[PDB]
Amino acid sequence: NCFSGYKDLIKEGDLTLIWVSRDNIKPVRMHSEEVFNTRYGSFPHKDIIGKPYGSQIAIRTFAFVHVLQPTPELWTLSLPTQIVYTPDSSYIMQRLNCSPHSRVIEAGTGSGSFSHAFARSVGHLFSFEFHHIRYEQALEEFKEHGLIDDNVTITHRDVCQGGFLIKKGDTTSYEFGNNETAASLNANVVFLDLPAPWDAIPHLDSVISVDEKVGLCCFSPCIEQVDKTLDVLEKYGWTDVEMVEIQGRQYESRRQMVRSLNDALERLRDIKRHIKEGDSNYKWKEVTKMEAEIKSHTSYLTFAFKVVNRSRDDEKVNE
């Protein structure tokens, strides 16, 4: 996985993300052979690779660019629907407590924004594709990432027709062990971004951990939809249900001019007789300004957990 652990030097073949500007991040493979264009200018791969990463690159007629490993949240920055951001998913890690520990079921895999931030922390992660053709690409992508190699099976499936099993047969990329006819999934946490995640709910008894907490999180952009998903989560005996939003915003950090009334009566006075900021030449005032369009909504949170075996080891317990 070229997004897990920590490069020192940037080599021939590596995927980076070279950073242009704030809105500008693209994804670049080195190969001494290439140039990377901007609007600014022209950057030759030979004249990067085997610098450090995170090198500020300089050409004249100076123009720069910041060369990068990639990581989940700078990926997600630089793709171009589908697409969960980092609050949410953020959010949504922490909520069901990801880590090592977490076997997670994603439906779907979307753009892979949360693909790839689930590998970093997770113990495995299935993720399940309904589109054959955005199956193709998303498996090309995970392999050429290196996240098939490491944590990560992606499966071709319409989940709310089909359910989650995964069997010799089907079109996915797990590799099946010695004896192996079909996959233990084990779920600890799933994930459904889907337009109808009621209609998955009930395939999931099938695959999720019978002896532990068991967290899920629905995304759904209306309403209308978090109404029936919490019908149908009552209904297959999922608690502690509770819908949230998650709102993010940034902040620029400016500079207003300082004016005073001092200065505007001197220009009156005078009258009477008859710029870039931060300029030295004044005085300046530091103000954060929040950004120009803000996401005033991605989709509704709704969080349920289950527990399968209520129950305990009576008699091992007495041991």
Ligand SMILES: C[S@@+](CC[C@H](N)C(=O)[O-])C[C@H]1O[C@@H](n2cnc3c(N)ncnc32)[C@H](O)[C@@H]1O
Given for the second form:
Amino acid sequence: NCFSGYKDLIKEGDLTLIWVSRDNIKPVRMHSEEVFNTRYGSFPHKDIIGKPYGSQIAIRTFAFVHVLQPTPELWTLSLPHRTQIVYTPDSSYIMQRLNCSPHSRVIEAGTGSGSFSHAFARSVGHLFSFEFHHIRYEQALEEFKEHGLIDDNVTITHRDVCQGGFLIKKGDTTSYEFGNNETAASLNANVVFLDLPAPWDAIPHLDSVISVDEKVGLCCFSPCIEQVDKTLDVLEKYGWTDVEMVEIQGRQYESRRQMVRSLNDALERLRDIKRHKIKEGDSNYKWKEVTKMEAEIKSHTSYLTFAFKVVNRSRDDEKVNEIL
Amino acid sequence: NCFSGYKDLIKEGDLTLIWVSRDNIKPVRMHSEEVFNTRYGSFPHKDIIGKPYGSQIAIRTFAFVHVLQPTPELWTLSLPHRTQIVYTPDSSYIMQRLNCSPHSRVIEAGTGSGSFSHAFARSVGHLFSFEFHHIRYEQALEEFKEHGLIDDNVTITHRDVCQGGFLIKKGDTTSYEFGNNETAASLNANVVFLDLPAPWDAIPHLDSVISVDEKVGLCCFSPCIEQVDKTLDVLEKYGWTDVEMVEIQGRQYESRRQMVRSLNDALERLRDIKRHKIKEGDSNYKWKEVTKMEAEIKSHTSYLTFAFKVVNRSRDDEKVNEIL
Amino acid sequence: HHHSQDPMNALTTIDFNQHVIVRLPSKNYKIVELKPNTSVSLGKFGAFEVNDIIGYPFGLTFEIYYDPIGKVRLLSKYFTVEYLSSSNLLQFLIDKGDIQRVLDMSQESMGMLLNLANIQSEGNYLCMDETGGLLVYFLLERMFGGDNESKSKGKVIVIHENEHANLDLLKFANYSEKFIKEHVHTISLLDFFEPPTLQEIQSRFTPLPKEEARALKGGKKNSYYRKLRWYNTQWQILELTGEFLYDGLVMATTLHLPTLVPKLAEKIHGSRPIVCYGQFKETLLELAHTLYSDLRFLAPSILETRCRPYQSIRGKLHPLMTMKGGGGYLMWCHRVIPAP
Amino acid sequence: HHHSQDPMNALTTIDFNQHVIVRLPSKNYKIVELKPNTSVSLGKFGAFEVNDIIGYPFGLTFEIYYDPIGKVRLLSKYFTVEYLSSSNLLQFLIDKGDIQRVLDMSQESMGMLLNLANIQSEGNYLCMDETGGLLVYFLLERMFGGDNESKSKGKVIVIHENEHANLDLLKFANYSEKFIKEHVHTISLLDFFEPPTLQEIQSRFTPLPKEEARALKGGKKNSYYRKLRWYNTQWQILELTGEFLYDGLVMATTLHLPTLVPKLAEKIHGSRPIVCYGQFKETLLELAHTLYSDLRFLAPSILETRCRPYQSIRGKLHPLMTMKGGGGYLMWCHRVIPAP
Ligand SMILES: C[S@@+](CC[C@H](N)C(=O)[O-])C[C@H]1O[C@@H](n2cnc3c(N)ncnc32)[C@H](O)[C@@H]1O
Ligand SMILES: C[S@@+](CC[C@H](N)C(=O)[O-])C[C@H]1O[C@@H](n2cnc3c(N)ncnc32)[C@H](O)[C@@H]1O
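Please give the corresponding structure for the form deposited with the ligand bound, as opposed to the form solved without the ligand shown earlier.
Time for the whole complex; same chain goes first.
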């Protein structure tokens, strides 16, 4: 993955994220004969290649961009704004509550634009991702491939998980590379994230693919509270416990300044009226530091329903005896 | 109402609110031979009576209280903490969205502890309040009476509004004083607030008591979202429009200070360790002003469902012609 | 009036020469003055005849249809007509993009300000309002409900930064000029803190005995009463600035609060609320620490209220996905009198 | 080991000599060390034999019953045994009242910090942690998942205020002392900013040729290697403080950030994230304005994340009525390299 590890110098062929402004971050593949364009100027790649990652790049009549190494957080900010993706406040909370680590073996459906996928892949032992829509599947496959996710720890599979479950067998449409004598993947998932219209149709299929000897964590991502209600019903029927729904609310603040305007100065203007019978931070004036909420807030992304399961609720009795 | 108007001096017999601390406000009736007790000392009423409202009262070995004129906001803060009452963030929003004023004629059920009642009564043309529980009814009646609400603009009636509706007839258990030739109150409500377990059972009875020639506003107060769902159903059936549910979230912040601790001072301590081979705001130190959220927040009080109705959806056609 | 029949109630009913609210299908607001025998254009959504909506209650939705000015009927494109409440005026100003002009205030913050300040029909309130009068309008509507014939005697006293107050939003309010001059008094910061003395005023004018003044006519009568109105303006300032104590202080100003609020509070009675609205919490934090040192203020608190609406469709309930941030903050405290 | 059979996986399975989490019926947490042939008291809820829970998966609820130490069976009073995750350690510290010790941090704020900082198994991260090591523990668990045998080579470098680091919470972590010394390096602010020079170090000690040092025995060998460990400590400081550039900076300190973060960021590579946690937003606001002036920092942002749980019972869904306030704030930005 070009998302993984820490690169020093920008090289020809590298995928970069070019920061133009806070709301304008563009994925750009470096090529010596290409030019990057902004509403403020043109930035030739040959004047970028060879410089350190994190470089500010300047052109005269001055205009600037910053060239950054891809990261899931930054990649997520670069995706089309109104779309159906998981943002960092939700996903970072989900990964932390489900305790993600190289120990994690995760099942994600559906893949969508792969926002959560990239954050999973950075941290996790393996990611098994499922996508119902064949065009979306092919786009995600091509992109995961290009990014180096496929040759690292990510598998994607074209599947309707509500109808066909989560098994990956030789012959299925999948990126999975089967080992010697392997005719089916052994998913052995201990982490499950469902982002689907009807997660309650997918939950029954999980018993065939989750780990049987450890606590398995699940999060379902649903926009409407009647969807949460259907999920709570089916989680209970299929033996999932410690069930809790939460919401996550993220806010961002600008650092700003408000002009200090004294009473005495207002009085002095009134006295002078009687006799006759600015850019923020301007050093001619006094300023007070203040925080200002972002103009538009994401007041709802989805409800997050967490649940846990242990299949083999037992121990090896005399293996414990055989320790003495 | 001793809640209404603005008193100058504390008089014998006055109901006061004695502020002991932010979470300790006590209703105390002034009587020259009585004494008010606090975990910090005893405050004789005779040393309070005759002083201006808002007076800080001091006793030696010094301890203090402040004696305030009753107000709905303060009264609400003085009620038992865990109880089922409406707090100022919800009620002030409800009154503003329903545009409360002396023009308002309101219907409230149930009365409960009368938190919202007092805020209504301050602003509104008349308040018609209904309480199902006979002991609660008698307590609210006695208290409203004592406070002067009953002899001003408040009526309370012992009623199950879901079963018996909202009509007030001579013979009913009510505080209503019937005028000459009056055998029934004409409620003519243009504002309705329902705080009940099943507001959808009360909504059908409203058509008999609401104003018929103006926009009528309704707010239903329900803790669970399945309750909101039942309300949305019945509001639609009975012709209520512009229906919207919202939540109100209130937070309070303390003004605090955090000690400023420089790098250089930490280095200098490390240098001295090498050679050998406070109360907040303390003037010996530097401090930064900060805001600190209250330790416990009210993260949910109830869902607020608003709705509006016009009964006579018509005009006087040639009365409009008769203007030319 | 000159009609024998009872007039229409402009608080309940769409009426001639009133400023009213019109909600478009895109849900943004317009303010429309209902001049008789005129038409109103809603651009894309058509135009209609003012006369055709008079006499209806507020809250109705009208369809414009054509057999360019259309006809109207109750909706069986369209618009909804509403009373111009304090809430709807605020929303209209936000729709038209004036959010910084109103200092980022929200319906819920202003609603809470009214109750924290204990605003009542008979109170005399000290007020600073930098919004063009939106705060004064919230007060008046709560106090009087739009009723020009109200018998209540409450007043809003507005202290302001320039020579004249900016209360232009009151031009939308449907209060008469008489009502406003009886319930709203304006006075500059300078006149409020350094008022003229009686001697200073009388040495420029002392009235004629009223028998003599009554007998004046022509240009001498007009010349004199113009001087007498100046005299009464000055007299009112004396009344407002003496040992008169007010029933509450409400503020929406961007002046420096720590150096202003303590001076204003000298004229507030013991036990009365003080409420300062601020767009930025840090502003109020500085104020609260200042007031903490001053025993004339009881327990200053910074409060926040935020409304989150839901998509209120049965079978698809969830909060709105996106909405506007902001809404500001309130500093609440009470004026009190320290013990010796 | 000395058993022929495969050992138990302490990441999936309740195991001897592990520190684990116990959730009581009152839902508060305890941390319990599972020493073989010992008993554990839960006060009111009874006591049990450690041996009787070994070998089970985490996540199960056990009933204590009596025919005072009881017997245990799966719940058909009781307790639930959980892995000691970074989340559960934080919750345990909050339950026991140590909320100010952990600077009011929440699960969601720490979860976001991990991802904003792009924390990975192979990264070398600069860290300040005033919590007794809770932040270091969040990092290690994300990087290595509790796996003492992990092949990953990532490191947390902890810069600290006193002579020694306070990382006592790591005593609960079930990482071996070897693992910790290979992945956690500690260095004081003074050693980090004013490190010793090579000349200074060698003039107090230069090693013997390793053939000669190997041939040492007795007290001379012990005397020498003690000096050689001091030498290696100093050498490690040279490695950590030279022209070594780090992959990220994460901070949870109450030191003055505006005067500290720019100095620390000199050792961070271009394009790497900087995340400062703060209990108070005003602190971070001051920092953000400071960093705005410094072209080595790209677009500093103050972020907030808040979790609100629901009562998750079908037919009675609503958010929790009351809960703890706070949870703190993050300042996020990226180190960048200005153009000439
Ligand atoms: C909102 S998106 C997922 C976004 C993704 N979590 C992210 O962070 O970028 C939902 C995706 O689920 C896919 N999907 C829907 N139903 C599915 C099913 N039954 N099986 C697999 N995928 C499905 C849809 O095609 C869509 O791409
Ligand atoms: C939560 S309380 C109201 C609190 C009140 N809003 C306040 O702010 O203090 C609910 C009250 O409704 C009353 N109530 C319940 N069902 C009722 C009914 N059918 N008719 C009238 N009152 C009812 C209950 O006795 C209870 O006192």
